[PDB]
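2 protein chains.
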Amino acid sequence: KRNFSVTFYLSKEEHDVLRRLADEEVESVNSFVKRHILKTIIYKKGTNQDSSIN
Amino acid sequence: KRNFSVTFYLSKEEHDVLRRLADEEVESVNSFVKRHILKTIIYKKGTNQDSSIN
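Chains as they are written, first to last, in the deposited numbering: chain A, 21 to 74; chain B, 21 to 74.
Pulled out of the complex, with its shape left as it was, chain A reads as follows:
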């Protein structure tokens, strides 16, 4: 198996907006950003699905 990483930089206030929006539901900014990107691209997709986490 393989994985395809993503890594970048942001402003103080931008990262703090992501931190607040994460902490409101899921206090893990990296997991929240991955979820944000996935949901904003597509929702209830048919290409693949899962029922567990790392």
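Everything labelled a hint here was simulated from the structure, so no lab data went into it.
Check before you lean on any hint, since a few could be wrong.
Note that identical chains are pooled: a pair holds if it fits in a single copy or bridges any two copies.
[As the list claims (entries may be wrong)] In silico DMTMM-like links for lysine to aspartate or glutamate, alpha-carbon gap of 20 Å or less:
no.	residue 1	residue 2
1	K59	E33
2	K21	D70
3	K64	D36
4	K32	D43
5	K21	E34
6	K21	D36
7	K65	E34
Guided by the hints, dock chain B onto chain A, whose structure is given.
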């Protein structure tokens, strides 16, 4: 100002789709993802400075 960083993982197919969608305009996939998040979260940011040099 200081800078704040974000790191996570994607699957082969979703990263390859985002690589194609990036390559259509700005092939730097992590910059394309940064731009996607920024455009979704905010559209009237107060200032947009840069600090690059020769």
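Hint-by-hint comparison with the structure:
1. In this homomeric assembly, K59 and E33 come within 20 Å of each other (Cα to Cα) only across copies, at 15 Å, whereas the closest approach inside a single copy is 23 Å.
2. With identical chains, the CA atoms of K21 and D70 are at most 20 Å apart within one copy only, with a shortest distance of 11 Å there and 40 Å across copies.
3. Only between protomers do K64 and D36 lie at most 20 Å apart by alpha-carbon distance; the minimum there is 17 Å, versus 29 Å within a single protomer.
4. For the identical chains of this complex, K32 and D43 are intra-copy neighbours only, at 16 Å inside a copy versus 28 Å across copies, given an alpha-carbon limit of 20 Å.
5. Taking CA atoms no more than 20 Å apart as the test, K21 paired with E34 passes between copies only; the shortest distance there is 12 Å, against 33 Å inside one copy.
6. Taking the closest pair of Cα atoms, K21 and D36 come within 20 Å of each other only across two copies (14 Å); inside a single copy the shortest separation is 34 Å, beyond that limit.
7. When the C-alpha separation of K65 and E34 is checked against a cutoff of 20 Å, the pair qualifies only between copies, where the shortest distance is 10 Å, while the shortest distance within a copy is 29 Å.
Of the numbered hints given earlier, the model fails none.
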